[PDB]
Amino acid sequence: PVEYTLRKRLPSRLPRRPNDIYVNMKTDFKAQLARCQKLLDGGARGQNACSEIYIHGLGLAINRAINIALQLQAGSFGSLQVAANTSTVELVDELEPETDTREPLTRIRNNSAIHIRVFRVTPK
């Protein structure tokens, strides 16, 4: 081989609270939307609705996070407000296998991530 292949290690672990939602470029848009929607709406009697969710998107998934957050807000009759923060995320591409013995050989790069609080506001 004149070059290493382009395998990716899983971006650490996601210390994922129940109202944390990570967005991906794999599952269908509508599903990710629908799932964020019913976390916030709860049941048909409004039971077990979240006060806020956090929508996390990395790299190319940033646009999609924004997109889901704005689509949520657009259908709330102004009951849902958004608040975006940004952050930097270290990613590790595997170059040589992690064996029993030795630390693996890895390429280090940074991606931007976005973190969108989507929260229910009510009168009074």
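Whichever C-alpha set is largest while still superposing within 1.5 Å between the two forms counts as the rigid core. Numbering follows the first chain given and starts at 1. Compared with the form deposited in another entry:
With a cut-off of 2 Å and the rigid core superposed, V92 has a Cα displacement that reaches or exceeds the cut-off between the two forms.
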Second form
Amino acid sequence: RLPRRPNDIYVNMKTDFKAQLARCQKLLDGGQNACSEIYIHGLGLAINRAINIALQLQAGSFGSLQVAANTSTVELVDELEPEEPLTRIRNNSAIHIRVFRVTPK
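Having seen the form deposited in one PDB entry, could you now give me the structure of the form deposited in another entry?
If you are looking for partners or other molecules, they are not here, because only the chain is given.
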């Protein structure tokens, strides 16, 4: 159901912030193949990280990036015991943040 474009990044909460920011930033800068926009997705406890990444990209862009967020609920499924089968089902809050190039002011 969720999108899996090269544009869509589900951010890991565990990684170093500074490096993660720099990877996102490189997506927006290119090498070219620059993305005019990316989508930063944060699931559960990774919501603050997604926000922090987006707002920092915005802040360092000299007015050339803007951000906009939406929310949803995501269903995560995984097996505990094989098949009769015992499957763990979790609902998580999520945030979905568009980070896009604009004309400054």
